[PDB]
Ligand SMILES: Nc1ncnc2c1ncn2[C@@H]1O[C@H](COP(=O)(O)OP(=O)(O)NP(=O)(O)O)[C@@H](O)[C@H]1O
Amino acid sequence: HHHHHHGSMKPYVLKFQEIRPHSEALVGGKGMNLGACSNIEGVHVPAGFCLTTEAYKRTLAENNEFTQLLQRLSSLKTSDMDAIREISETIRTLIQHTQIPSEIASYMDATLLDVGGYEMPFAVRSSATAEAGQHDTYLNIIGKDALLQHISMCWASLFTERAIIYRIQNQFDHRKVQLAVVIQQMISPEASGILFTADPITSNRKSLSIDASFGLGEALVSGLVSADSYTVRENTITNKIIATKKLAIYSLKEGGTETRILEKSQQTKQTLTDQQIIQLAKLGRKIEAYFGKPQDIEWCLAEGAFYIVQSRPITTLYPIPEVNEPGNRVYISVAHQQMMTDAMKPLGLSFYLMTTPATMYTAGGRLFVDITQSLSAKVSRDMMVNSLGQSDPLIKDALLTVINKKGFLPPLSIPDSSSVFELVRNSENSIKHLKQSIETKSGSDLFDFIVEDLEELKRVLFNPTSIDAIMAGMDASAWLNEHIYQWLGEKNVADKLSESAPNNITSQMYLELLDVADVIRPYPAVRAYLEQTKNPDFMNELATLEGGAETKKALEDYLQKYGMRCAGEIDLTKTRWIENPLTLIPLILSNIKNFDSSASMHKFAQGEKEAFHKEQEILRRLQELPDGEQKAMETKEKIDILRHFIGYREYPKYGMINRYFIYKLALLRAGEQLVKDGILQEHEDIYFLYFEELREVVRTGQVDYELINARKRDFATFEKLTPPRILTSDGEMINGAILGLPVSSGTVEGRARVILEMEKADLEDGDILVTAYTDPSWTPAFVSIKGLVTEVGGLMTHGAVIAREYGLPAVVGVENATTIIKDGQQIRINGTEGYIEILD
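Give just the one chain, in the form solved without the ligand, as a structure.
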């Protein structure tokens, strides 16, 4: 008006502090969060602006030739060939020749003055948005032209066959992507590096580590530098891995870098001084606090000041549950006890928690139990450690390391022979009842109904009798294992006495599946069709073949009795065999390949034949001992208890799972009903609401999809994670000779491939890569290899964090690695100790 009609327009330049949230489609991710940095008190951010995505649009978006060219890339290519190289060349070439428009350049000119001038060199980091994976970063660029020039080279950075391929790989459209360019002042430093607010090996939130080099560090330069690595906890340098630095890399007169041979003596000087080390640490936490999340900070040291260049969230970090109890605590993965440790959708987490009175938490899509109380008493501690040695050992060891971390935790009826039959008979009936009622129910009454069923569930599946029956079997194997070991020196005797024990609903399912397999082996038509099929509705197509029909019925008998199970059954949202049979096939084919015909009778028979004859050796051997006739009769009492009960232990899960499925179908009806009422997009969207939230929705036609989509967002990130066997309130992940720096846990044996250029590389499924240093240019090649070795080193090296994420073992900072190790040699690297070994 008033704004002389200038309010609507989108700006080409945004100076940092001028950047405010909810712009991020203008300024990119790097910037939106580089902007945020300037804002924070008592921390120096080099001055600069942010050429925005508008610049990228009005110069490149409606350039029709460009658009056409994108169409001849985006549309067709699957990353199949040389086409990409050929056309990305073409696109690239075009972007640079395409001259920055005159208008825009002036807004730039103006803003460089007052920052300022031009005789000051620039960094031109490149910020992406999708309407990282990779993007170009340039340093020490001189003046208007080579800057004008380098903005274009930044844009073109979005085309290199690496980054295109990244977009074809995922779903990304080449037109839905637009770079922002960050322009900053250059800080010619004599020390620089990386900082993680959380231990890079551990994810402990109370360690803060630092790589520091002379001149340009590892993330700033892309060449062979050396760094010290420093660890700081509770305000005190804790660990100092000092490197002997013979080289550094500095900016130059013109724009490029030299390799300055450091004189002796300074090579073993602390890059930074302790008063600076801590000084940086506090600077670390200040920013950690401002953002709320642990941060990955790139820092410069100039004269005596500290300049934070870049700051992004740390992305790969298992969440700590919000447990509101104080002091250091221990959480054990129920994921691992259940052998599941796939991430759970929230509606599945609900039904789990809702069916157990035990106090469980949630973190990263998975369940945990707080056990830090049981560990506070000698008597309780001892019970815990002991029971986990039997079921799920290797959680024991993880527990055990917690027990003596020192800084960390404070210092200190066997029911009837009828019962099992009665328990089973009862649940089978309770279930028949359930099926009947649920198709009656509907709407907000379905939810009403199942909340009450959860009561019958807990009732019939976990009576006092059920618990005793389970436990009589368990307690019985224990007694035997210990006592026969105590008397005869034979360990784990219970595994063989309980072989082929009756009434094991699990055991019965696997044997029956072998019979399903046994059906198919005569008919090579059907077996060759099962392997070659992707049709979920295939059991229908089956009766065509000579083999099918016979096959079809046996699959239905099986799905009828065991279809409600699946690998991830504890989660009520995962697909049960009967929901898609296709998921049942690979077990069958793997059954008929490598199991002989008829092994249902055979296995199970020589099963008990071996159980009984272990019972005969034990009892005879025992009577040849002191008080031997009476211990022997004590054990026979126990072996009988064992076989009667050991199988029931497996049944309550089964019965609960049955009820889980019946709920599931009901809720999916509700879900499909909710879609033809137009409240949800796809019915499966219900999976992303906890039970009560979903119950609202059916009562009040209201849904908040900000919520659902954040849950979906979150679930995605969880899949990329893996729950520790035990998890700590500080976030610490506790799962079960040429020298160097361990950086990514593991141990692996392979063929050494010593490679200096990406392009020459040939990598096969065996190869361990050994090289001088590693770029984000090098990331493409981490799918292939099994370990990483590099000359460059530091906890948070590029190849150190990528190695980590892939899960490959890595040793960095081995001085001459490319000379000392010859290509082709078999080689063994340990990424949890720092060492490499040259073996024959």
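Numbering follows the first chain given and starts at 1. We call the rigid core the largest set of C-alpha positions that still match within 1.5 Å between the two forms. What changes on going to the form deposited with the ligand bound:
With the rigid core aligned between these two forms, the listed residues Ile308, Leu216, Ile194, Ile332 include just one Cα displaced by at least 2 Å, namely that of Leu216. The Cα position of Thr90 differs by less than 2 Å between these two forms after fitting on the rigid core.
The Cα shift for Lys432 between these two forms, taken after rigid core superposition, is smaller than 2 angstroms. Core-superposed comparison between these two forms: the Cα of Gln99 travels less than 2 Å.
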The other form holds:
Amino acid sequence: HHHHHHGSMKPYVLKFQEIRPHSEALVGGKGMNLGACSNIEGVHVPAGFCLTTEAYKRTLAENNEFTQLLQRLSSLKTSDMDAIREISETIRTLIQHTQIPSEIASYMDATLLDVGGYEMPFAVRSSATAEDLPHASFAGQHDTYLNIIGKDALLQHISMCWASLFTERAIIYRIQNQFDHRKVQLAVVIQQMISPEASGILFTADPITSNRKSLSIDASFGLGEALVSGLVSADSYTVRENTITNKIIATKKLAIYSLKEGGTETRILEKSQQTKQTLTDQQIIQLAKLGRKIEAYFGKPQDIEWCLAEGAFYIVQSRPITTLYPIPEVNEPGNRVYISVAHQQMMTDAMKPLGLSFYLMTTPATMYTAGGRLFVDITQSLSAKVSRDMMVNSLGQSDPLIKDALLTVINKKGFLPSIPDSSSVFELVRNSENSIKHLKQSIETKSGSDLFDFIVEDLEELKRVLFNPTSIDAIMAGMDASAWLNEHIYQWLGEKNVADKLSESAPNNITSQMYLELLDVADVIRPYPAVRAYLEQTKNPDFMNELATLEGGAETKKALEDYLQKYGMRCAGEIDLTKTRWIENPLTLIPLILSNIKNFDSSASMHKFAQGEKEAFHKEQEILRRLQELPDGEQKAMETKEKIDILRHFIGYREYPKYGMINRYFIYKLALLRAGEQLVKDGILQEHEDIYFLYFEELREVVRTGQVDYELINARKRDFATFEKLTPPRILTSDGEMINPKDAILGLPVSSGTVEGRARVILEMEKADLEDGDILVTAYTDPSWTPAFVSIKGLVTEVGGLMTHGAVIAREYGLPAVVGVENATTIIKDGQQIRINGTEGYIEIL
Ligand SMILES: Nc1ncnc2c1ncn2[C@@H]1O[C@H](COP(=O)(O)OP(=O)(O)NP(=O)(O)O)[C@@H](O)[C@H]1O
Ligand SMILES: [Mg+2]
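Same protein, different form: I have the form solved without the ligand, so give me the form deposited with the ligand bound.
Once more the chain from above appears, this time first in line as the rest of the complex follows.
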């Protein structure tokens, strides 16, 4: 060219106004956001630029002594603490003694005089990146410096940032997340200092409850680094719509202010000062409005660092929130309530797409996907009361826990507004059996696009042989018999849930049959301490063909085979066709077999059954005998006995169709895996199990026309990954909402629950001794301990703010935790014990 070939080159420095798109690979997370954050309208971002990773690659990843070391480090694992300490020290000093090329240090001078210049104070903040992984975060992993003035001192701190990438805490963090050193770079953000009166964090969701329609703020006096620092406390405001709706005022006894000549000092605050409302209600709203605008520009809930300097609000960071369980896209207006069928089905593992397709294509009810799990919209049932109660009463009986969640929805106020005959069961089960035998024979000849065209046929046959109106009547005949028997025997004899005792050892229960038989398997293994020792050890998926080697077992094998012919097609999570079955990987069955042996006596199929009967039959006559001791006596007892006979006749079939169903699933799954196997051979698919991420139709027209789209597939995996980390509610809300005095020390709730245990740790975290089954109490908490505390059941800290470290991490690990307590380190003497709860903010003595 005509640009002097000047011209296909990576730059060294980029202004927030220059930063291009998806150059995250140049300026990293914090930077790419700062950039985009500038280009917003009505938002004041300070100015600055980024030291591009080129500067890091050229200065430090192109040093032989450097690379030699990083190689020496790629050797270690977390178990090796000292080597890490040492190598870290060494690597770290090499960086603070590796000067920056005069070339680069001159670009900086050039830009930095535009922002400008070397007499003004700057912020040196480190934004990092992981190659070919733009959705990785280093939140709170590296250093940052406030108020750096001067060239000599700017270069000193750019180097201390790069160094902050090699701290044990940072290193160890990459080991655990398997990010690779040498694959992580650092951009450095050089930004104008703001001397603010007040600074803090803001979330455009609620941290607890993911409301999405309520914004929460954390504010304090002074510079922000203090709040993120761990001590001082903060002020917490919550804003819904344009109304302030909570104000927790804290005791901010510290603040951090700039020095005229660089650096930062910490001031105690005059007592009158420490209880002041650090924003004024006009500013709280004026601020919330901002957070809302930003969120609108990005299209997702954001995490924001802000500054208050002479009225004015400056945005100095933005981020997305990563911890939100998503919301189904239901195109139906108003406030809606979704109920998790995950929790009903007792699964609440994420489900891959192929599996989700199948659950969907067999029910005719209308369900939604969110977060990789399934939900049912139940909003209309809740309108008409004749049906509301008609609902909550049904759940109230099964899924009782689901109901409680439901009821809290019911009064948020602001939110809303015959019996087939005895030949039946038999016939029903037979034809399911026979249907499954044709299906078996029929699919092994099918292939290609036929095979798909095939199982579309069968999904109707399935619905037809498994969900007749005879079958359903049969299912309901048993269940309705329980309802009747439970309340009517409440109202006459005053004994609840009698239907459970009357149901015991009832015939034809397909699942209950299964568990008995796996008791016998266990029973075969007890005579032979050889086997049980083996099974206990083996992590071999074919441990099975290594069974006849030892005769101590080896009968063990003919046992397992018989059991795996009648049940190998089930697994915890059967409803996802994609999940691995028992007959597929027999190792997944071992632990039960083992746990039966530990916890049951031999021959317990024999006894537990019998004592099931005898007790359901002596509870049958205890009822009836007691009934005819009252008015209309003979007619009530007469009345119930038909009901019991209905109960035991149908109750076991309740369980059959799901078995009939996943039985066909498994047959599909296998023919569906031949197709995949074939596709790989043909060259279209990398792995044969790379179909679990296509829905049925998506898949079906890949075997018709052999074309696939792999960053569909890869986003699918990337996302299935993101949702496994997530734990579905019993009730999800159109607004993202997640549903389900005693000499007391008040605090900030922060994180929901209740636990009990141990004492305070001062704590020399550096030389810290912890212990299982215990609550924690320091006063300062910061990321330094993030990678240290799994063992905890609950947290309590002096410092406050619900978006402190204590909060956000206790909220992910699922611990209940209260912060902001007055003098917890003191006032909870001698590391003793305690009971805390976090749905409200209190703490007490046991
Ligand atoms: N130019 C600036 N002027 C004033 N305060 C600033 C400026 N830049 C950053 N801050 C604040 O000073 C601190 C800078 O630390 P920073 O590393 O950027 O955030 P962090 O939480 O400590 N680490 P990270 O999780 O990577 O963002 C935060 O409290 C910011 O709110
Ligand atoms: Mg930050």
